[PDB]
Amino acid sequence: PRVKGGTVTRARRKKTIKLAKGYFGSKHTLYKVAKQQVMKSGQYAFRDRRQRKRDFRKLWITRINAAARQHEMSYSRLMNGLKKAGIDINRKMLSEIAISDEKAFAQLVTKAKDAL
Amino acid sequence: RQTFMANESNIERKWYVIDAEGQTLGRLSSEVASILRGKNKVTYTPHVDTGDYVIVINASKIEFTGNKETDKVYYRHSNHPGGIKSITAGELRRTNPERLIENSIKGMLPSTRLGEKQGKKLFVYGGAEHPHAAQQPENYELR
Amino acid sequence: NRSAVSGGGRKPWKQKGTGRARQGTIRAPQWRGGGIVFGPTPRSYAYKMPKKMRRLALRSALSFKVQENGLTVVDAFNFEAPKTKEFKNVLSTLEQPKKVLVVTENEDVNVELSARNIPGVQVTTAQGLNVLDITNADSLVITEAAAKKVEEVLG
Amino acid sequence: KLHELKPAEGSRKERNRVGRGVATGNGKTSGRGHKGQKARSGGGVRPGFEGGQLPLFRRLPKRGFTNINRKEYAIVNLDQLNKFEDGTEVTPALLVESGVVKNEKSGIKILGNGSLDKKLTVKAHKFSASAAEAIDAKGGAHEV
RNA sequence: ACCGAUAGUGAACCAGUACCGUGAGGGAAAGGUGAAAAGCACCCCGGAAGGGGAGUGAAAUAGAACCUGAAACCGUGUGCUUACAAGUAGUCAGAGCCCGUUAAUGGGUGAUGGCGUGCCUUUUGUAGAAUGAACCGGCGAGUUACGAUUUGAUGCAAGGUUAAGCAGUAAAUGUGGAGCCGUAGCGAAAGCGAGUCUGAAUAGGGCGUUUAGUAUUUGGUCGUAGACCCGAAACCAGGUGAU
RNA sequence: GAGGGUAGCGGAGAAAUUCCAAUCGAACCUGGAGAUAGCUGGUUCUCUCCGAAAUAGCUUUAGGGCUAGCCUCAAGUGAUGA
RNA sequence: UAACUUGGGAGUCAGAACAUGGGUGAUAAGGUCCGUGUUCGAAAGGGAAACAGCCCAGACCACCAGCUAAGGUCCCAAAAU
RNA sequence: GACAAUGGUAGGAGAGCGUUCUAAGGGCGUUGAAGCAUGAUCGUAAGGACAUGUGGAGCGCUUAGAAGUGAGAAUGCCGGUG
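Chains as they are written, first to last, in the entry's author numbering: chain C, 2 to 117; chain V, 2 to 144; chain S, 53 to 207; chain X, 2 to 145.
Hints listed in this document are in silico derivations from the structure and should not be mistaken for laboratory results.
Just to be clear, a hint being listed does not mean it is correct.
Covered by chain V, per the in silico footprint, the following chain C stretches (three or more residues, Cβ under 8 angstroms) [said to hold, decoys possible]:
hint, segment
1, 63-77
2, 95-103
If you only want the chain V side, here are some residues facing chain C, beta carbon under 8 angstroms, derived [what the hints assert, rightly or not]:
hint, residue
3, 3
4, 4
5, 40
6, 41
7, 42
8, 43
9, 44
10, 45
11, 75
Only pairs whose alpha carbons sit at most 30 angstroms apart, straight line, appear in this in silico DSSO-like list of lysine-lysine [to be verified]:
hint, chain 1, residue 1, chain 2, residue 2
12, S, 135, S, 200
13, V, 15, C, 93
14, C, 59, V, 62
15, C, 54, V, 42
16, C, 112, V, 42
17, S, 140, S, 117
C-beta: ideal position from N, C-alpha, C; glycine also.
Construct all of the structure, not just a fragment, from the sequences and the given hints.
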């Protein structure tokens, strides 16, 4: 029996064009150009997903350092003091309390200095 | 996902004034640049401008170190064949004390769209009097 | 194939001198209207199996038929004229399903002329029992003489 | 039933098709390699050898000849004769019928491998030295 | 358990026709209204083609360039955004503005920040300024026959098994025991035989004493046939040409 | 100018490898024929486990082969491996 | 925690840089030929501005969680003016 | 439950998706099949459903069998359009 093509090639190419909605120029129209951009998009997302965690950790440290400078002490000196007392509070919770309750963060700063 | 972000509707900007009497050119510029970028604020946002305005008085009477009076040269090109110009740091300080301070500070800021705007909040004056009295500038003590 | 299609002896153009793909014939597979490479070819699909294994393939089918209570024995068919209605009635009396296979000791002309227009009804002889027919049929009706002949001739 | 057919387990396997994409494992080169004589359509070298150094069957000499008048005998051992009951006659006309000799090439030869433990009479074309005494040890006789 | 208009004969249509060549010779593209022509009487714009009504028809965007009607490509209107900016055009984070779904920790757009030099082939090594593709659609490459070996399944078992032919529906089944493999090897051979050859001498040594195979079939590989596909410069034979 | 002759293993050449239908170190058409190509190019669906080599010998051999080394699957022996 | 034997199927025979012992060259070459290791080939991630072979380290998938290696803590740019 | 493993070119092994036809069984369809367009849906992948528009007559589902069975590259062939 002769197996002729039809309704299989077209249904598979239109899925790639749908995934490329919103691209510039021919990158959302032509299958060959749009197919290459989808592979690049998938590779970028895998890399950016793991890189996203480093960027947000560096943002918390920057905000913690700025808030600590107002108490005449540094970031590298503050974090050493907390671990002596065993505070065990990460950067994410340290940053949120340093902008919501500025009085609450002052209590932690005093405790770190007491432990030297 | 509970990280706070700052936008144009909840940002307060202030004005500060700094005097450049007897300060090293690069050491004064290093601390000033961190104020324009808002790095000293706790609500710092890398994609939003959160800095403060800076006024620098006494552009002249700024001190160098070593032999930088005649051994520090600034070059530039006019995009023409063979056209290159130069000037020393000592000559630039007394012919144009304002441009000397601006270039050193502006070279410490990122060269992006937001960085090109954060450098527009710096004001440099050769004398000791500034015309921005309608604002509320406060004296700033260097760290 | 390439040689069977009519025409395509010359070369369409010279090997080099112009900017075009090199071609030898107009009937090559990549062309439109050229020969087909590795298509279907006339052959046969039949094959054989050892004789001892064919006997087991029929006894197993008969045993599977008899386990499910699908084998009934009747007397001779003394039909005098070919009548489809009479065969329909005798099937209804025996309470047989829509698919049924009936065997005869020899070729019964009167039985074969009837029952050959009723859907789901087929007739075979005692000697010519098939493997497909036994599996396909829903019920089996056999005469005692044909049953004895099957028991004797078949192992 | 014709609508539930199950072949014997472990008796059917799907074939392998090459040149059908890279995820299969045999996509581009179809298991051939890169840029060789064996990577072209038309085969490689002869099963023996092609070119190169001298083949093995060329550096060795021929040995022997063959005999036109060669005779081959169908061999029947003593243990194979235990089927026949004791005190009976055995003939090449009977060994073939009984299923012991399928093809009588030039004759029947009795070889003494095993144990007889019988009292039968057998005639054949040739006998071995060992099979001669074993037949006559417990009684009986052999005729050529 | 053959094709269904790029397929099947080159030719489903008045095809060896158009057309190309002095000649021998080469050689296409083109199928479809509707059940029924019932193929738009009549009115309006022109010189006409065409269009808007009315009417026939279940349907006229089924109106004869007529069944459905994808993509490339070309035009109209709209929600968000853009004229200080250095871009493999995306991805992650993200205010502002406009909507409301197969109702789910929803959709469209995008002021700004971080990271980021296409795909395939061939190479020690390619963003490479090494090759290939203008774009979209269709077609386009490990197959079959006969033998060998190996693995799995199944029937019988010191036995296993048919070939041609005859009967039977071109039918899967009976008959057909010529034939083939195995049950015993060694030696160039005569020949001997669980033992044979070499040898003066089982003295030693080599190869045997496993002494369970055989018929069919799925899969892997090889051989003979063009043997995964496309591509020569050339050779031979028979003819056509001094417009 | 008109009517004619010489045909490819051949013709014609005041001789240049010049001409024989825009092509000639051997014309054009059809067949052997799907010639041969150790050479370039191409070879179409998706997942899971394991995972090299660019070395020695020989070669009318050097960008090609064969045997050995190194990889994978199945069945076996059982401390023989570092 | 692997080695050995018998069977089915392959690919490979153009290698490169770095450290070390040599020949050759000129105690020249990103030169060429040998011995001994690592990496690339067939390896993404971090550092060396960018930079296959150098240093650290071997990605089953998801998280806006913690401690470390090579290299670093004035601003670009996270961390000691 | 407890532990251990899961980067990969040439290449070896295994389990699977989808298309066309056939046998048997069982279904859908003018109260609307295939095909075509859209959608914010489902599975680890190739892929599978549902609703709405057009369309006007055929088509799926389960177990088996067979193969002209899967396209982005060959200065590929044919048609259309920049």
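Now for the hints, and whether the structure bears them out:
Coverage of the segment 63-77 of chain C by chain V holds [criterion: at least 3 residues with CB-CB distance below 8 angstroms; count 5]. With a threshold of 8 angstroms between beta carbons, the proposed coverage of the segment 95-103 of chain C by chain V holds, since 4 of its residues qualify and at least three are required. The closest approach between the C-beta of residue 3(V) and any C-beta of chain C is roughly 7 angstroms, which is under the 8 angstroms cut-off, so the hint is satisfied. A least Cβ separation of about 7 angstroms between residue 4(V) and chain C falls short of the 8 angstroms threshold, and the interface hint therefore holds.
The interface hint given for residue 40(V) holds, since its Cβ lies 7 angstroms from the closest Cβ of chain C, which is under the 8 angstroms cut-off. Interface restraint check for residue 41(V): the shortest CB-CB distance to chain C comes to about 6 angstroms, inside 8 angstroms, so the restraint holds. Interface restraint check: residue 42(V) against chain C, minimum CB-CB distance 6 angstroms, threshold 8 angstroms, status holds. For residue 43(V), the suggested interface contact is upheld, since its CB lies about 5 angstroms from the closest CB of chain C, less than 8 angstroms.
Evaluation of the residue 44(V) hint against chain C yields a held restraint, the C-beta minimum of about 6 angstroms falling below 8 angstroms. Because the beta carbon of residue 45(V) sits about 6 angstroms from the nearest beta carbon in chain C, less than 8 angstroms, this interface hint is met. Violation of the interface hint for residue 75(V) is found here, the shortest Cβ-Cβ separation to chain C being roughly 33 angstroms, above the 8 angstroms cut-off. A C-alpha spacing of about 27 angstroms is found between residue 135(S) and residue 200(S), which places the hinted pair at or below 30 angstroms, so the restraint holds.
A C-alpha spacing of about 28 angstroms is found between residue 15(V) and residue 93(C), which places the hinted pair at or below 30 angstroms, so the restraint holds. For the given pair, residue 59(C) sits about 39 angstroms from residue 62(V) by alpha-carbon distance, which is inconsistent with the 30 angstroms threshold. Our distance criterion of 30 angstroms between C-alpha atoms is met by residue 54(C) and residue 42(V), whose separation comes to about 23 angstroms. Restraint check for residue 112(C) and residue 42(V): the C-alpha separation of about 23 angstroms stays at or below 30 angstroms, so the hint holds.
A threshold of 30 angstroms between alpha carbons decides the hint, and for residue 140(S) with residue 117(S) the separation of about 23 angstroms falls inside it, so the pair holds.
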